[PDB]
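Left out: one protein chain. Kept in place: all the others.
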Amino acid sequence: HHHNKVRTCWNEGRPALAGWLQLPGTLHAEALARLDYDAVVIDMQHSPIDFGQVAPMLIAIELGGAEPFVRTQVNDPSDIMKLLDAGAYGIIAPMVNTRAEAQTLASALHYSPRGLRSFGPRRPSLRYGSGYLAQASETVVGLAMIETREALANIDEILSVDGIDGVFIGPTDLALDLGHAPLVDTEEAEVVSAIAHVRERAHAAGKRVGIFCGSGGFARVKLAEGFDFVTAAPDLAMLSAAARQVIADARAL
Amino acid sequence: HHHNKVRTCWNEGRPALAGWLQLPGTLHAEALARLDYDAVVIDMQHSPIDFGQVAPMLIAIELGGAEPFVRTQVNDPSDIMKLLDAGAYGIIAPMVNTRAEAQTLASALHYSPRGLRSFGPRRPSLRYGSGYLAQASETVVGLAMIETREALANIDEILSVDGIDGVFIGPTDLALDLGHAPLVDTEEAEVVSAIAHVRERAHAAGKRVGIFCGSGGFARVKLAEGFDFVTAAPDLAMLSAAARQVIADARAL
Amino acid sequence: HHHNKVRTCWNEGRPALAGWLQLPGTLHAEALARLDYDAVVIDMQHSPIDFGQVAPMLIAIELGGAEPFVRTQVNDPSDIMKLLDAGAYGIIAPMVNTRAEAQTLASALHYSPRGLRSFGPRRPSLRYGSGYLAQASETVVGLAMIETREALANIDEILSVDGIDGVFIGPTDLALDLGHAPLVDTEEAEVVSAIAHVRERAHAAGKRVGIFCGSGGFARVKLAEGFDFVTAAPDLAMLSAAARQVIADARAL
Amino acid sequence: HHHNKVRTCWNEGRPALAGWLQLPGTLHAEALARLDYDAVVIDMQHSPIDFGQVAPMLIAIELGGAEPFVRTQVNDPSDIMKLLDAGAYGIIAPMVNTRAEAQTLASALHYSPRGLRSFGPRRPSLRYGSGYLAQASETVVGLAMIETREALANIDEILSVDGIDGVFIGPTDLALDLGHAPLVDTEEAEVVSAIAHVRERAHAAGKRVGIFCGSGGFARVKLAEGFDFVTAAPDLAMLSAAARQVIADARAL
Amino acid sequence: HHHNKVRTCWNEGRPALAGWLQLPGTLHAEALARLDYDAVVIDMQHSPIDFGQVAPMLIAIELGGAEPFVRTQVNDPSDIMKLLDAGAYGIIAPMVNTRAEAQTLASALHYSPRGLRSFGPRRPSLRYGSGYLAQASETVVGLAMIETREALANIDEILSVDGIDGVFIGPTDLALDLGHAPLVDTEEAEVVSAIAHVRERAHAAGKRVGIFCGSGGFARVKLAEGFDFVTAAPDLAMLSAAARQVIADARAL
Partner (left out) sequence: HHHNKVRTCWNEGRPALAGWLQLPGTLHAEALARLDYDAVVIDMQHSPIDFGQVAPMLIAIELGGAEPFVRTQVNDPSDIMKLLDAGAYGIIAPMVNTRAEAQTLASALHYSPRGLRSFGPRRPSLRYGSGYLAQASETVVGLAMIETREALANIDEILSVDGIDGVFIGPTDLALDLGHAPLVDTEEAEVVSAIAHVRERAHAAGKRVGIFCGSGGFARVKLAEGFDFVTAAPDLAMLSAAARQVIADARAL
């Protein structure tokens, strides 16, 4: 338990595949973490998961053997710091549209002098022991979300920020801001082109790029295109679709 | 909202198909209730769902448009009464092995003189209004679980109990008590024979019979065999299987 | 804080008036406890209040200056003991129909040798300090509910049980068991006669008698009749009625 | 369930009357929603109601048949977005003192291009179905609170903001900022004059105006004066007053 | 994680030392589990810890590296089964006074044919994988508490019950039932003699014996006397004592 599993993937030359949870609770969190996911992201933006509910989920994901990540409600330093101290080891912050906002994200992820993270690592100290402080930055992964035309306009400046590992595309909001339907795994040409451009710029910068996916097949293609961090697919969406199919099968003549 | 949707299926000559939840929370409960399920059963036996977590789930299922059912942890009258008053409108009680235990279940489901249910129907009174008391028995469905060789031995006496609608087979415990593996949707001959026998005896008694299913295809066959109430399939099992397949698809060459 | 406020009323020659809560939460609990109520009863039978929600409510009632009481879901010794150790100082147990059931209630309320209460008084020890054990019995009030024709039949035997202070009439269930509507504050002659009889028998036995009331005027009359413990009226009922009147006043021409 | 009940009142030429909850929990929320309230506002500013407790309350209000509204703790976009995605369909934001702050509120309530609301409408999509995005703005009501002399000074500029329906007066804070006692339903002339002025300016702008009321009679007068959205009265205040009166009636000679 | 750490101690010829938690929450649970405790017992009898709060604590203890145990509120089969399925791997049941009560405890801990445990091992299946059923009995430790003169009278019959590992002395209740003060780590001769007798009888029966301790020094002596399972000391007691000493040190001249 003495390495961030996602950073280990990267250091060993492979991308990371992560789950995505919008449903609160520990039981499915542990169960999915025990599958061949490198990380499980808990969504605190588009879900009813508040801090009180995320906290035990982090424990359950770690026990199950995946790295606990959180997609926060907002890029707020103190919110992020409190998640880090509760044992979130990856942070995906929404709506990072400028270099300054990316610097605000980075500031929360590193103790002085690299950042201004406040010191009181209740759960990381239990995981990593006495040597935590010297390795703390490496234990956390940080990605800025790219979800607007403004973020696209500022992508090179965002990617130039030290202390974030790279960017995570939110393609539904991106489609909407471009005037298209917010369809997951879209084929809309302007959105597909923007996604490819963000990936190309991130790799030109020597940074990591991730993307939210709605299906296993789309995730496979994103991995083939070279994305470093791919999520697939939300618990609620997979569960709904599975139940709809069970009903169709049960009710068929 | 002025009828129990499962009793309406039966009264209109069709069986009922129900979901099965072992994961706490309201969001997937509502989402699954809005699918073509007549009822959604919340499992309080083989899950971490306690009373505090079941209570909002009942609300969410009703809002979504399925009848809220609970499979209780135990056949205990006061537990059942408190669920009824919180807006559980179907009760499946585990480990009903004798006529006396079936009578104990029935006692909880009916006000005097048919039973001894205590009066204080906080949520049913809001749903049904001033005429609730006169229709209360019809608003609730009750099924005794058949899960042991003892329950099999006593099946005709259990089915003779007034004030339960019938029985619900728990085929994993039944297999185990017969010395076989607790495989859902089993083909083991002795278990399949016992299941068919329970159904035959329930219908000979003019009662309803249900069964827990692990798949849509098995549920379809159970409906074809004449089961009146079929559950398919647990949220956690469907979600796990869906995630495992998404991972396999994403990681494939 | 070194006396049970209800026992102090009795010892000083006056009855006790108590509130009644079916809504979970601490804020209204404290607010009502600060009114001229001697006790506030938290209903864990006909409400969604589970142990996790009752526990902080007990604290809030004590801070507000009323004695915290609980009407339990069932007459179960271990449930009652855990409430006592969480700082419930009055227990009203439903559906006590026989002397044996009354003895079961009494057993939970007293340490050996008078009863079999298990020792680990987390919150009473904080309230009462080192001398708690020697005074423990006096710190708790216990009342058996009388809610059925069977309990009426056995009233003298129930009242003969040492280690309960007396009985608490539940007049809605009593009406129902007699074949009448479960109207609070009923005028139905057979119910009114049964209520008076229970009071007379309790006083002939030198015991205390209480009754659940739905209105202040009915409570006043019950106090005038000599009831020792009167509750009036449920939070939810008072709040509903108040809101209905505010709406009528607001929407009037 | 395919319209916002408050907007329907307005579209049909009538004002809306709403409840106001400072007590957490679902049971009174549903019960009050089933009364003749068009909406029920949950107060997350002057209450102990956090996100974890508001979430089930929204479900309960909708089931009961009133539109779920929230008065937030602060005018924060991401907080508001997460409430919208949990099924809050009306937002009242405190302490909106400038046009810029009003624009910040409006930004959270509309998807691009009218605003920057992030896309992931977990509960609205369940309520409204596939056509949600095209109707999303109409499904939500937004009101900026007017609670300071500064907000009074800027009232015309605040009212000029597209994408909020209007303003909601908080008359206790307004009184305090003017140097008067924070009495609900005040008669203090300067406060009464400021309230009338805000209403007049809102109607001159073709916008809606609301006000918090402490009594049914005051609410009736506010409706007669032409307020479009009137709240009356807080659950805790109504419950306290009702209990105080029950005690007075019970303890009277 | 594929063995019960307490059974491993025993199988390797050493006793087990366990912590004892009366405070709800995961953070101290994990922290104490990471110390040199073989197990951590969560007290659900003399604490405010309900099922909803115990569930995440079990996860946290396992992550920290101690075996999660529960001292239940009561010897109730269905309560115990639900704890087992939530990942409690040791059960200490209070107030086991007869062989029949010991048989009731054993019945809950073993699948058929050795017992009647119901099948649905949500969390054990995640821990132990597909081979769980064949090893399930070995994964769980069960101890009956000896806390009364009656249990002392029946000690040999209790120890003769197959399917419990042995007994756990509760010396405060035992002292009380003998008419002595309920002092932890008592020197009262009759209590000390009864404790020694229970240990001697348990070892004569080839069974395990445990005892609750209030201090490290007493625990050391109990280990030297040959107790197989020693708890020391309750979180709340240790924390209180530590705080009292910090205050005394801070306030000293």
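Going in written order, the chains are labelled A, B, C, D and E, and every chain counts its residues from 1.
Following the convention adopted for this analysis, a residue touches a chain if its C-beta (ideal position, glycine included) is under 8 Å from a C-beta of that chain, and two chains touch if they have at least 3 such contacts.
Engineer: Would you indicate which residue among A:38, A:50 or A:67 is in contact with the undisplayed chain?
Structural biologist: Among A:38, A:50 or A:67, only A:50 touches the chain that is not shown.
Engineer: Of the residues listed, E:35, E:181 or E:192, which one is in contact with the missing chain?
Structural biologist: E:35
Engineer: In the full complex, which of D:65, D:182 or D:217 touches the chain missing from this view?
Structural biologist: D:182
Engineer: With the missing chain put back, which residues of chain A would touch it? List them for me.
Structural biologist: Those residues of chain A that touch the unshown chain are 50-52, 55, 77-79, 81-82, 85-86, 111-113, 116, 118-122, 133.
Engineer: Name, in rising order, the residues on chain C that touch the hidden chain in the full complex.
Structural biologist: Against the left-out chain, chain C lists 26-27, 30-31, 34, 55-56, 59-60, 62-64, 122-123, 126.
Engineer: Need a quick check: the contact residues on chain D for the chain that isn't drawn.
Structural biologist: Against the missing chain, chain D presents residues 22, 43, 45-48, 50, 52-53, 73-74, 76, 94-95, 147-148, 172-173, 176-177, 179, 181-182, 236.
What we mean here is this: only the chains that are shown with their structure count from here on.
Engineer: Would you mind telling me which chain pair, C-D or B-D, is linked by more contacting C-beta pairs?
Structural biologist: C-D
Engineer: Quick check on the interfaces: B-C is repeated by which of A-B, A-E or C-E, going by over half of contact pairs matching?
Structural biologist: Going through A-B, A-E or C-E one by one, only C-E repeats the B-C interface.
Engineer: Determine the centre-to-centre distance between chain B and chain D, using the mean Cα coordinates as centres, and give it in whole Å.
Structural biologist: Using C-alpha averages as centres, the distance is 41 Å.
Engineer: Where the centres are mean C-alpha positions, what is the separation of chain B from chain E, in Å?
Structural biologist: Using C-alpha averages as centres, the distance is 35 Å.
Engineer: Return the residues of chain E touching two or more other chains; collapse runs of consecutive numbers into ranges.
Structural biologist: 50, 52, 55, 122
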